[PDB]
Every structure is written in structure tokens, then in C-alpha cells.
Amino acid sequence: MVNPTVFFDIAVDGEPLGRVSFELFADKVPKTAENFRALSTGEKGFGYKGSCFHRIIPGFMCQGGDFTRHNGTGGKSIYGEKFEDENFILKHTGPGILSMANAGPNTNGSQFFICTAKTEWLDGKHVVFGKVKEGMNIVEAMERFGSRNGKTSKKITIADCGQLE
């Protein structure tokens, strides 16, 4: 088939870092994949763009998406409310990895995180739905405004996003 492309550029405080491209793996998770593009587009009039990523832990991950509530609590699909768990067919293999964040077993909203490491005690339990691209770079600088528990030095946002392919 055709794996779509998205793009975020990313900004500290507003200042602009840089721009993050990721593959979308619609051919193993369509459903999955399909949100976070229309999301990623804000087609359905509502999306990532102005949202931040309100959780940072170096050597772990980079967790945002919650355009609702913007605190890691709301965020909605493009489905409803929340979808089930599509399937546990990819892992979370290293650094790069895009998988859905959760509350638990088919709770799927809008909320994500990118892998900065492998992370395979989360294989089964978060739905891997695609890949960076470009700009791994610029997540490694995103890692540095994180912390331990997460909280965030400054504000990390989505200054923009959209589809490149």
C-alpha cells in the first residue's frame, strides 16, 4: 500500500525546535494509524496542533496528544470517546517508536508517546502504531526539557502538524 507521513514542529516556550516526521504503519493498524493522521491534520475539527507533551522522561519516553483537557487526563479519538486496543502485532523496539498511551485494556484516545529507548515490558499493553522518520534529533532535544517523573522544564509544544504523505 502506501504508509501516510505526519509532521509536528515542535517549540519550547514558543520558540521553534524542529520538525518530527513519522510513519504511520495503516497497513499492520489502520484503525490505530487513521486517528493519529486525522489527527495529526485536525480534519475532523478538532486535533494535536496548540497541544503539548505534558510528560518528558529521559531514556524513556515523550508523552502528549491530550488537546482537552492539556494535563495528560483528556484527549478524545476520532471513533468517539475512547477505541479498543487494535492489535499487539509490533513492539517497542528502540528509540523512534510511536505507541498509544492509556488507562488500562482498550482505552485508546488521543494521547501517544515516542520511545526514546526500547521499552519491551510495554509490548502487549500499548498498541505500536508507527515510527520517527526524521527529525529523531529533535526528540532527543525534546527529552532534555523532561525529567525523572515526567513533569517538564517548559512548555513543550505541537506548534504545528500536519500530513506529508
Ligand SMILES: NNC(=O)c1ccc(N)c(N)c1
Given for the second form:
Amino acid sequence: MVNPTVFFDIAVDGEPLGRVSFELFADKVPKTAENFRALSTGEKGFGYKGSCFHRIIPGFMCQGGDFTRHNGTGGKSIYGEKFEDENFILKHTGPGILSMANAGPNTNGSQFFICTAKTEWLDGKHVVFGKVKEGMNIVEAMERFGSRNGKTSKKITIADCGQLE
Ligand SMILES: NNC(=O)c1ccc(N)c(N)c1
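Can you swap the form solved without the named molecule for the form deposited with the named molecule bound?
And the full complex, kicking off with our chain again.
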């Protein structure tokens, strides 16, 4: 009944930075929210723990969740390799939005991005499923290690992750 909350403890070249928490909109996109929740807890035997944010573009977004190829070409969901676009009820309204990365229609896996700006051109193309609840300061700090082309100057990792409450 209560939307679940998940957390990521972020490190920069192995050094703790801080924690980002997210509210997952299970009330509006339950199947997508559940995939991210389970990847965050690792309860299916695979997930986000130890993965990195491989592409960070200041003023745009930080992208991660590729735990099979570590570069933006991999990932898999709890439902199989890919899963469908659940719905496009929620929009990319500004910094803090959590949304699914994809490679075309109906190709969601495990990759996700956190908006650091409004990305309205993505509406109806990428499934929005959550928002940052605490630690937008930590996202902003992360963002400073990106670049115009997305390559990061230090390695930004999810050192730990899980479910709160
Ligand atoms: N778009 N480039 C990719 O290789 C890719 C990007 C996102 C994904 N979820 C998957 N599976 C692949």
C-alpha cells in the first residue's frame, strides 16, 4: 500500500560519498517498480550492488545499472532479458526523476537513469518509475565527476544498496 523506498550508498574510486534514497511509484507502475526494488535488494541473486554509473552528463542525467557488461550495453531484468514499457503515466518533470533506459520500444532491462534536468523529450519513450527522496545533494556531487561525453573522471559505484523501512 505504501510505495517502497530503496537506497544506494555511493562511492567515488572506493571512497564513500553518501546515500541516495528513492521512492518507487509502485502505485502507478508496479511491474517496473518491482524490478528496480528487487535489483536493489539482490533477492533474485543478481542486482545493482557493486555496479557503476557508467555515463554521467552534467545537466542531463546519471545512468547506471549495467551489471552484466558494465558499459551501457547490458543488464537484465527480474522477468528475463527485457520487459515491456509498462505505461507512460509519469513524466520527466525535473531533476531527481528515476527512469528506465532502453534500446527501443519494449526493451527495459536493468539500466536506469536519474535526471539532473528536465528531460521532457523523453516523455512517452522512457518509463518513469521513481524519484529521489533524500540525497539529491549526493547526486549533484556525483554529477560533478561526469563530462560532456558521459565518461566519468573517477569510478562512481553503488557500494551497497537495499530497501528501507
Ligand atoms: N541502447 N543500448 C544498449 O545496448 C542497451 C540500452 C539499454 C538496455 N536496457 C539494453 N538492454 C541495451
